[PDB]
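Residues per chain, in single letters:
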Amino acid sequence: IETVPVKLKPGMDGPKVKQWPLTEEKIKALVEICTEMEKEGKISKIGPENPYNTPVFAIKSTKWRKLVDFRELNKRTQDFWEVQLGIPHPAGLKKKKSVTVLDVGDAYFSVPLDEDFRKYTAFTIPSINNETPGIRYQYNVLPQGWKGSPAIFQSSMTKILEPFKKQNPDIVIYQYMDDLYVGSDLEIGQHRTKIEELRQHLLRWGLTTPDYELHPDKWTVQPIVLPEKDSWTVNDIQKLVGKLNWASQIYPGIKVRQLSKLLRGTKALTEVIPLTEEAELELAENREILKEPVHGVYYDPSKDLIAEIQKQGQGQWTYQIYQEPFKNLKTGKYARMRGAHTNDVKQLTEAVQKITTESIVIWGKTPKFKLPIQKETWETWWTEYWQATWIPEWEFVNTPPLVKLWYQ
Amino acid sequence: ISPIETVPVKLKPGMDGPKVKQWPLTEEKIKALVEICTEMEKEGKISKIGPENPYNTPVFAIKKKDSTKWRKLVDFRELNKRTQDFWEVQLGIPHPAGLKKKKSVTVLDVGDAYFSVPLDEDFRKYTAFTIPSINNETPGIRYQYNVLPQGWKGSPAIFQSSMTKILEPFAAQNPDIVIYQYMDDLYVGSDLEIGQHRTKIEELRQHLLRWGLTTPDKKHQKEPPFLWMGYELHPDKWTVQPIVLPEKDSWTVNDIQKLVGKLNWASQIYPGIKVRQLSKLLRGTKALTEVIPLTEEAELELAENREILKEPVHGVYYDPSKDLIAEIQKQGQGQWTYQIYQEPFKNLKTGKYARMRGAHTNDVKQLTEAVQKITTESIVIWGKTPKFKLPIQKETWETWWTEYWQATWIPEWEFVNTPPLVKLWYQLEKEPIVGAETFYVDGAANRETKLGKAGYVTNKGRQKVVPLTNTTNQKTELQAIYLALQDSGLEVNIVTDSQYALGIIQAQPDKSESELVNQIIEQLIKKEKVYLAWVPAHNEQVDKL
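Going down the list, the sequences are from chains X and U. Going by full-length UniProt numbering, the letters in the first sequence line up with residues 604 to 663, 667 to 817, 831 to 1027, in that order. Going by full-length UniProt numbering, the letters in the second sequence line up with residues 601 to 1138, 1144 to 1150, in that order.
Wrong hints could be hidden among the right ones.
Unchecked claim - Straight line, CA to CA, 27 Å or less: simulated DSSO-like cross-link-like pairs of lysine-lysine:
id, chain 1, residue 1, chain 2, residue 2
1, X, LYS631, U, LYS880
2, U, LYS984, U, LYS702
3, U, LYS1111, U, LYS880
4, X, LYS619, U, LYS610
5, U, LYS1126, X, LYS631
6, U, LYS1126, U, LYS1060
Because the hints were derived from the structure by calculation, they are not lab data.
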């Protein structure tokens, strides 16, 4: 098998991202892994004549896995390799009643990587206390985590999958970087049986796959609705008017002036202003407008997806995925159900993963996150709960939402 | 040179090699240059090729070590600009608190290191230089390099990997001895009976010499304690080489920079050093040598540092069998101090955290930030994270992090009862207060007029308006809340159309670089119950316009 040649975007230079420091445990795990991989031909030590680097990490699902962070190489090459070798994203996958996610990254490691390109997969096992130079490798085979890998392999993957796709014309199969998403409208039992059939079929053709079934029938944009009380106060009216005014940014037909006239004289917060018929008119019309979806909300495929997350206490989190402000493409809520077995960063990591999975199933792209967390904290601990082969882009917000329960 | 395998070096893509002018120099300089040049050609460091090479780099001749011995050196700027990049020569240095006591330590400085490593052949043509005789009216002689030239872009990294490869065989035959590398030095540690350690040092020396690398054959190592990168490394302790703090009347920008630098450098092993008021001065303007008068606070800080500093303090080395503790104390004005130790009599090291960003800061959020900075530092230095000793109650912390808008991780930590304890000094109500007066506050200013007003109207019919000079919309927005607090009982509901004020106050800050906000803090601490609610503008806001 000869190598698919990989010409980067013209003028692009290779990744030069510094390596993060790791604990001793994870450095030893990386040393083990890489010594095995060098033994198997998959990587090779490199000289100082190679100036590139790309971070590595050790994650876990009981022994250590190595995770390369190829985000820079991805932008630097595959923005030409979503073009030259793109994988079309099936708009039908999102509609299937069940979708299972199979890891098939182990395939790539059989395929040699183009000679002239290997230099850019360089990584460094770091060393504690700067005591020794750091161990320097580059890949001789298609690396997991690189977007070029499944692009190069998709011919092989299409062939391997053809018999199953003939036998099963309704099952949807989409390959994003290291996983197949397999969607069916079967009973969970029949669906799991057919997933196992695909597993054994992949194995009959020599694809190992290890060994948790998501359902995209959720509501697209969860509609937020004002509280329903059997008694209203001045401050209840004030929160209600405030929450209705902020929605005016999204549904512009928010008709609230009967409520502003309902709290007209300077009253104590605890006083209960009665429900005017004008007031109940405004309130019912506004609930009605809240039931309907937004207008003009579409998915611009030229642009990037943007996700925002808000912590809600008691282990609850809310998120919105949008491309322009207030034109939400999807909204949801995550809740980790484990008392003292989960903490904030565990929850945020699991939520970021769930949002990225949803985003893939729905659009084939991943979103850039606006994470509510101190940059250095996340940089230190995000690996401790990360169970995914890919890594979304992200950034860190420092202004808090003064709008918390405006989302839930 | 050496039988070492060269590393292939190519020029930057689509670049040619240097073709730079060689203006003639002093005849004396040319003479000394030819002397040393032909002497190092005899040693194979350089060769002489005249005819076909179109490249050229300039040479200079000076006398910095006047041993009746001049020195040639080459301005490799235009060549360096055209050679490829390399693997970044190791950025950073090992900190002494992460070193482990080895029963014996030797330091070996490698002599004329770069000139003993060969240069990739097909690249040598790009190091060519020339020597003229008489104003170029008679031709000159042209040389090129066979080894890593002094101060060329690839020299240090290529040297480092050559050295690593030469070490590998000895390291394989000697697992019990440990060799760390730095620019020209080897640091060899062992826990062997001293005679064995000396025999091993001579074995390593002969190894290196057989690879072409000379090493001090004397009672080589400048003995312990070692003066290393601004450090004193003692057999069982480390500290910083002494720091002289000058006494001067006037102070320049450069001198305050040097002082703040020496102080922060000292702060890694001397506990209690502060630099808040010293660096406040430089943070003023971007002036480069402006004569900045010293202030009163800066001078007390300098006195206190001077009193910490005239007495010696040391650190211990790391023992991986004994666990790792970090303890944190507060100082004041967002300054925090900490110690990393394994036993409470001697520290591995010390350090300070300064709340730099955020004019509306919080004690608990800052403490978190300090735990973070320490955690990163320990992952770097020791490869694990400390167990923390923290002056905060568990109920305090669990209350804070559960209500805070960000997600925050809190490693294994134990409360310490040392003051000044870290607490939260007030908490707004979650819901309005029955039987408590409601204050519709608002305030206003004019951008160009710079005059403003601030006031309130209450459900009891109480109204106040107060005028203010040189204020902003935001400052009067906070002043209106301050009025409501001043004029209210121990339970007060407050209503503002200023999302900025709600943002400030809801951040539960403990101190500010703003007198007004500190007065609001003292009021909120004084008040028993305060619910603060927000509404938008367009109430009482129109009466204070």
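Hints that the structure is at odds with (numbers, increasing): 1, 5
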